[PDB]
Structures are given as C-alpha cells and as structure tokens.
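First comes one chain, alone, set out as structure tokens in the form solved without the ligand.
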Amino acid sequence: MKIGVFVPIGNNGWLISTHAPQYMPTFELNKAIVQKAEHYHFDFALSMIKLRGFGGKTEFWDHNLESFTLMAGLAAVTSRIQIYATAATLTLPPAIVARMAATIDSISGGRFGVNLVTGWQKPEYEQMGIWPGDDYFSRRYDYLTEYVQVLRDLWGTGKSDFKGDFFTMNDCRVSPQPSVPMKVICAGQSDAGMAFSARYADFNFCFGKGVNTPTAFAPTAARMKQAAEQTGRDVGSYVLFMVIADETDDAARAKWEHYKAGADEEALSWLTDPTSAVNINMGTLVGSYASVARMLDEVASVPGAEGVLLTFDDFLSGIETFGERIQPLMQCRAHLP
C-alpha cells in the first residue's frame, strides 16, 4: 500500500483544540515534514487549499498558505517523493493550472500531480465575489468535466480548441508539456464525484471512518470500484486517517482524550467510541505503534484501497515514530529497503 502525508498548509493541522500543538503553517515547517517523510519512503505529499478559516480561540485555518506555490517550493528541496497541489477550480483558469503543473514538473523532474476540487464551501468563494450561485451544487461536476478536458488537451498536445458551457478555447497554447504523464487525483465522495474520478483521475481520495475501525470506509471504496467498472479504468481509493500513536494503547488514548478535552467550541460552531469534531470527525487510528501498524495492514486488505493519506497530532514526531516504529511492522510496507 502507498503512504502519503497531508502537509499542514493551515495552522494547527487537523486538530481544533487548545490542548493540541499550536503552530503556524510555514514553508520551513512543511519543508522539515516533507524531507522527513521522503527519508522514511513516504510515496507522496499532498496539500489542500483552504481559502477561509473557522476562527475561535485557535483561529483554526484562519492562516493558510497557497497550495501550488507551497508545493513548487517543496519540489525544489526534495528528489523522490511525489508532490501534489490542490486546484480550487473556481479560482484559477485551466490554462494557468496547466502551465503551473508543467512548471512544477520541471522543478521536480516529473514528480508532480494535481488534486482537482470543485469547492463546496460557499463562503470561501462568496467572500471574493466568485461564487457562481446555488446551481453550482448540482452542476459543479459538469464544470469540472469541462475544466479537465481543457487540461488534458493542453498537457497531451500543447493546445486546446475546447468550447463548452463554461470555457471557450481559441487555439489556447501551453508548452512545455509535462515530461511524464500528468497525474490527476480527485476527492469525490458523491456519485457524480466518483463518476468524474472514474473517467479522469488516477486515484480517488476518500475519508477514513470511525475511531479504530480501519475497515469502516469499505462501502465507500466499493462504490468507487463500481464507478471505475463503468469506465474500465483502474482508479483506486486513497483513504485519509489521523494517526495518534504512542508506546502503549493507553498512552495514545490519553493523548486523544486530552485533545478532545481542549476542543475549541467556538471554531467547531462555525464548522457545523465515537469520532470527534476535534479533528472534523476524521477517521482516527489511536494506539500503540504495533496496534496502528495492525490497523493500517487491515486498511490495506479493503477491496479498492491502494493507499492512505496520513495526518498526525504532531507531524515532526509522528512521521519519525511512523518511520521508526510503525512502518517496520506493516506487512503492506515489506517491499521497502
């Protein structure tokens, strides 16, 4: 199974708690994280794009870097890990994304790909006057289909004459073309989103589910395999989890409970053994290094699951303990050096 790191482009990562680590997203922090992930043979690093935060005591996601420029900088200081940026497709013309992708292909020597998102949180767009209206909720994958057609023309041939409802290309040109086939990834959970992914993506990201129920996402990965059957394309599932690991199950549980006890309720308001809002009800693996290794090996056995995208409570120590204590016990990582 492949392992990626979801890099903290927003302050405080994925914990909405006064008891969680408090930190700003800097370049040098994301550089340290990605160089340590690459050292431990992580396969990829992805950044999201988040254009508005949730406030509260922790100013949660009020502070966020931009994904293409962050990943261009990270590409320059790495050599092997795959680098993915997220395009909020309402915010960038497709010929600009095409050229940014060819640029980071150049920086990285062919390690770059794009996560294409529709956007769904109206305020991120309404705040800058570019929300297309509430018809977007139902038509957004029609928009994304035209967007990706323009991208595939430009990457594949260097030109597009595409004409649709949303885009008009009149001999649009982007060269250079990427040195390797450009990877497109999607994070579609809906039927329309999975249908898009099945037609155009290399793989689809989905949410891990529950606390210490690693296989609870299986129905989502089954729906995505069904969507991929309809195109005949091999489009696997990469599943998002948070890992809270320690020397013992009891020690990891104590950390998780300490984070939940600090929940930043004002920030959680704006956003509105169970999952907790403290990490946006993310799929969570809480245990000893050995327990987390066993639970990740169970993820690897789910039909359609090809990888995991990981967040941690503390990225610098969480990547280190992952590489030193968890990954060496994982049957699904026995292929590493």
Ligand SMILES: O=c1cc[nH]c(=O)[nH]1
Contents of the next structure:
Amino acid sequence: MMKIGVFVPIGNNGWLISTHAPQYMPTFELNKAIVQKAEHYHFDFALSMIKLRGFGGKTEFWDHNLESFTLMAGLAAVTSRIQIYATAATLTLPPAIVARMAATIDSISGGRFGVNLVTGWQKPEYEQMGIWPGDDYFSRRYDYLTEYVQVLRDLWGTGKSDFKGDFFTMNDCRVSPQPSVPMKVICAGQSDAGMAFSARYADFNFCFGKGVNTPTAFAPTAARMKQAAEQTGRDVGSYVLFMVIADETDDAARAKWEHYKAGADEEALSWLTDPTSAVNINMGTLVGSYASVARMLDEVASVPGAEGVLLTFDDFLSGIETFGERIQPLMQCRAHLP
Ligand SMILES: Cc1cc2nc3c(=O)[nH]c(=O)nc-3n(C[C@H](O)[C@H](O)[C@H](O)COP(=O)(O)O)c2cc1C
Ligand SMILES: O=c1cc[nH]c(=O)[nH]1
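Moving from the form solved without the ligand, what structure would you give for the form solved in complex with the ligand?
After this comes the whole thing, all chains and molecules, with the earlier chain placed first.
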C-alpha cells in the first residue's frame, strides 16, 4: 500500500519546459480545482514548492510563482480531508514566524497541515534580495537547518523557546496556539547531510524518481535513506517524485512525450544548467497506457523504504481525472481505498 500526493503547480507551466506543453499561469483557482479533484480521488496529500526566481526563455519558465504558505492557507480553507504541505525556504522566514503560520494553517485545515523545510541551493534566488550568507552556506546549510528545526520543535511542543546557537538567539520566544495535532516535518535531503537531517527530524524524506519507465531505478537512494533512519531508530520513509504521462495506449503516451521533447524551450534550459529529458528537469517519468502506468507505480510500491509517490502530470486537470478513473483502480497498492 502506498500514499499518493500531488505536487501543485505554484509555478507557470508546471514541470514542462516546452512550447508544445500546456501553457498556464499558476492561479489560486487553478490550484483549487487541482486539489479539490485530487481530494475527490482520495489523494493523500498536496505539496507546493517555493521558487523565488525563474528560468525565462520563450515560456518564461517559473518566472511566475505564487508563495507557498499563503497558497496552502487558501487551499486548506476549501478542502476537508487531504493533507496540506507548504515549503519554507528557511533563509527567508524567521522560525518563529513559520511556527505561527503552521499553527494558523493547522486551525484553517483542522489538523491537516505540515511543513517541507528546505535549505535553498540556487544562490541567485537569495543573492537577488541580498540575503545569501556566502559560499560557506553550501557546507554549513544543514547546521543552519538543525538550529532552525530545534526552534520550531520547542515552539510547537511547549509554546516557547530559549534556544541559543550560532544562527538563532531565542529569549523566552512564545508562539501559541500550538498545533492541534503533532506537526509533520518533511525534508527533501538527497546528500548524506540532508538524509542525516531527515533521519533526526523529518516524518518523511522526498527524493527524485529516476529515468523514463525505470520505476525502481531510485532504489539505491531509498536504501541510503533507510540506512540514515537506522542511525536514529526513527521510521522515516521515502516519497518519490515522478511525472506521469498516461493515455489509452503506450503509443499515444509516447507520442505526447515526444511532442513535448520536440518543443523544448532551449533558452530556458541553458539558464537551468530512452533517456530522461531536460524538458522536465530530467525528472523520473512514467510514460504509458493507464494500465502500464498502474503496473509501474505498483513496482515503486515494492522498493524498500518507498512509502509514497509525489506526482506531477503533463496536464493536471485531465491527468488527475484519468489517474482517478483509469490508473488508481488497477493499482494493487491502492486496493485499500473504498
Ligand atoms: C520533492 C522535492 C521538492 C523540493 N522543493 C524545493 C523547494 O521548494 N525549494 C528549494 O529551494 N529546494 C527544493 N528541493 C530541493 C531539495 O531541498 C534538494 O533535493 C536539496 O536541496 C538537494 O539535496 P541536498 O540539499 O541534501 O543536497 C526539493 C527537492 C525535492 C526532491
Ligand atoms: O527545485 C525544485 C523545485 C521543484 N521541483 C524540482 O524538480 N526542483
């Protein structure tokens, strides 16, 4: 059995960098339609990233991005069952503010909220607003994140912090109310330091799916994460990111994938800098008939450590509908749904 989440398009054109891919702005109403349809099909969770600078080109790729906490606060108000995760770019928000924002969305959602904590990697997202700490941050960023999460855990657990470190000084810091349920923390650590952080402080770790139609190719990453979790004695599973391009036949899905690769927005791809393609940032891609994708997702569910998948689509509104109507009913790992 495996959990399914939707990675909501908080940035324009989702995860395809192509003039032949669907062209759309991230609105609230689009993300509302996506999350309500996901909830209707018993998706377990919805997550938004945070992306503070785009890649330009013909498609202005990720030049247009909403902010994650405010988006997910709006989505929490128009849902009732799906788990809601927002991403904190921890260089941009003081931990006491994230603590209070999480208590707030806990109140909006009736205990369905969690936080994805990221260090940030892309210097320009931070340099552009004068808040990059310097190139020491590449090596020290999980030290920073360790202090950050200690402040969050004090505030959510007791309502107060006296934490004092290299990066934070709390003098009887107060945040109440405390969340109604234990606050879920997720991390997207791929490095040794990142997985060591996740093993100590996260409920689950997000990793990248790998290759095109090689669903189990990420297995060594999920194995590293299981070894990290052994070092803390904590149950910290892997949720794996894939793009699904499904149709009625294998040949039809392959034709769509090829059509997207042929439109690659090369100018946007240079800023960024059966194989994976830069057209979806070399994402793990599952391309097939509804039945072929259901079989491949059942193979993901068999990989040691894999507890769920985070899904993008080529078209979210039609991709969620065909997932719910044609793919999910054939998945052995979703036989637990009503
Ligand atoms: C599903 C997923 C979501 C991510 N979201 C973001 C994000 O919103 N913002 C960001 O700066 N980095 C994000 N990242 C980058 C991770 O935090 C990334 O794997 C990490 O920065 C690289 O691993 P390392 O930090 O251990 O080297 C994401 C990664 C994954 C797998
Ligand atoms: O940095 C990011 C954010 C979302 N999706 C990715 O593949 N990378």
